[PDB]
Each structure stands twice: as structure tokens, then as C-alpha cells.
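A.B. asks: Use these hints to put chains B and C onto chain A, whose structure you have.
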Amino acid sequence: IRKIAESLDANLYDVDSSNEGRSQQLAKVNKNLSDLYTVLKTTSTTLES
Amino acid sequence: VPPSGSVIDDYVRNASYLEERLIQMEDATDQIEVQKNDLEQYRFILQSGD
Amino acid sequence: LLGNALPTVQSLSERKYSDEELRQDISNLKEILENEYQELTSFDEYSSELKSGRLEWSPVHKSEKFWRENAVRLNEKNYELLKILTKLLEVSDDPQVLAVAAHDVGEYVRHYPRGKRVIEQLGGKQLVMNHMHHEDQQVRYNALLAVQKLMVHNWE
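Chains A, B and C are the protein sequences, given in the same order.
Under the numbering used here, the first sequence has 31 at position 12, and the numbering climbs by one with no breaks.
Under the numbering used here, the second sequence has 35 at position 28, and the numbering climbs by one with no breaks.
Under the numbering used here, the third sequence has 119 at position 116, and the numbering climbs by one with no breaks.
Careful: at least some of the hints might be erroneous.
Quick list of the computed label-pair ranges, beta carbon to beta carbon [to be verified]:
hint, chain 1, residue 1, chain 2, residue 2, range
1, C, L32, A, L52, 49 to 57 Å
2, B, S23, A, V48, 35 to 43 Å
3, B, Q38, C, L25, 47 to 55 Å
4, C, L32, B, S23, 49 to 57 Å
5, C, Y40, B, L46, 39 to 47 Å
6, A, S26, B, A22, 26 to 34 Å
7, B, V19, C, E37, 18 to 26 Å
8, C, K80, B, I15, 45 to 53 Å
9, A, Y32, B, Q38, 17 to 25 Å
10, C, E83, A, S37, 37 to 45 Å
11, C, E39, B, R50, 51 to 59 Å
12, A, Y56, C, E159, 31 to 39 Å
13, B, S23, A, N51, 33 to 41 Å
These aren't lab readings, by the way, just hints derived from the structure by calculation.
For every residue, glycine included, the Cβ atom is placed at its ideal position computed from N, Cα and C.
For reference, chain A alone in the conformation it holds in the complex:
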């Protein structure tokens, strides 16, 4: 399945089987996105300025 999925238009990932493990994964991956949200605004503010 893995080596047939890529041949077609597909994207791959990985997820924990447990439930609270998935919750912790969500928390840890959610923590590090506000910086991404802000960086583009910062660089624009510089650009137009």
C-alpha cells in the first residue's frame, strides 16, 4: 500500500494507535504554529515598510 500510494496523487503521514497518545501528538504539533502564523505578517510588515 505504501509504495503504491505515492505513484498516484497521495500524501503520507503517521499517527499513534492509542487515543491519548494522539491527543498528545495534537498538542505538541499545535504548540509550534503560532510562530508560523506570525512570521509571514512580520516579513510583510518589513516589505511594505
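C.D. replies: Just chains B and C now, kept in the frame of chain A:
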């Protein structure tokens, strides 16, 4: 046409500076946005834990 | 330091002169001007300047061509001196001091790829975010440069 000094080379210098100044600063958004999109897609993917 | 005549030497070398004297004289000036310091070791001088508590700009600070093998020996103390420098920065308010450190922090990834993990263990990312809005223009500009290159190259 008032005479203009030899600061033509200063113009050359500051232009040659601004070029990379803007290139390195602009070539970042293309990445930072796709990383945001990939993380957000991963988030909705995980949203189906049940 | 205060001269920065490096642009001038080429400017006057290229231009027009009928005399046979100054042509070689300016070449002598250029070769003795750049070789004296621009062609010098850094890590020893880097340590000397940082321990003094005095931080400024120099050809060593920004030059990169001579920075292909410094990073490996910047890890001798597990970056103890450099992390302590970052701490003093966290307890520093001099804009020049703020900018100079972040410059080499960026040079880390610009030259050395695998030092990302130690940067992560530094924990200064939030302090960089805080530096984003500090009053001086130069400090926040250079901080944005550093954080942007860090984040983009972090996948790179």
C-alpha cells in the same frame, strides 16, 4: 543639469546591497506558508482519532 | 573600523589616471589594507573579544568565506562559551550586542547544518519572539532575519 558628484559608485554599492537584502528576505514566504499548510493538514488528519 | 575604505580602493583603481605612480600605489594600499586583518584567524580573536564583555563589528564578524571550518571547533566546549554569551545577551540591553550574537547564531545554520538540535535545546526561540517587538529597528530586523533563516533552513 546640476553637476552630480562621484557618489555614482555609492549608488552602485547600495543597489548591490539592497538586491540580496530583499532576495533573502523575500525567498522565505514560499516555504513558511507550505510548512503551515502541511502542519494544518496533519492537524485535520489527526482530528479523526475516533 | 571607522574607515571602511574597501569600496574606495576599487572605485579609484578603475577610474582614469594618466600618471604612472598612483596606479601601483593604490594596489599596494589595497593589498596592505585587506591582508593585514581581513586575512586573520577568528576563533582566538572571537574568544578574546567575547570574554572582554565588549562586542562590536569587524571584518571577522561579517566575513564568511573564512568560516568553513570554524564551526567544528566552536563545539569544543559543547558551545559552553557561546551559550553563556546568549545568556548574557538575555541579560543585555546593548542593541549592537543583541544584533552581533544573533548574526553568528544565523551563521551557525548558514554553515553548519546539524547544530539545529543544540539551538533547540537553547530555548531562546521565545526570547527571539520577544525580541521581535523590541524598540530598536536594527535589533528586531536582525532577529527576524535570524528566526526566518532558522525556521526555513530547519526543514532545509
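A.B. asks: Does each hint fit the structure? Answer for all of them.
C.D. replies: For each hint, the structure was consulted:
no.: 1; hint: C:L32 with A:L52: 49 to 57 Å; result: 54 Å, holds
no.: 2; hint: B:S23 with A:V48: 35 to 43 Å; result: 42 Å, holds
no.: 3; hint: B:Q38 with C:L25: 47 to 55 Å; result: 50 Å, holds
no.: 4; hint: C:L32 with B:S23: 49 to 57 Å; result: 22 Å, violated
no.: 5; hint: C:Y40 with B:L46: 39 to 47 Å; result: 46 Å, holds
no.: 6; hint: A:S26 with B:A22: 26 to 34 Å; result: 48 Å, violated
no.: 7; hint: B:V19 with C:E37: 18 to 26 Å; result: 19 Å, holds
no.: 8; hint: C:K80 with B:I15: 45 to 53 Å; result: 49 Å, holds
no.: 9; hint: A:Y32 with B:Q38: 17 to 25 Å; result: 19 Å, holds
no.: 10; hint: C:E83 with A:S37: 37 to 45 Å; result: 39 Å, holds
no.: 11; hint: C:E39 with B:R50: 51 to 59 Å; result: 56 Å, holds
no.: 12; hint: A:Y56 with C:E159: 31 to 39 Å; result: 21 Å, violated
no.: 13; hint: B:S23 with A:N51: 33 to 41 Å; result: 37 Å, holds
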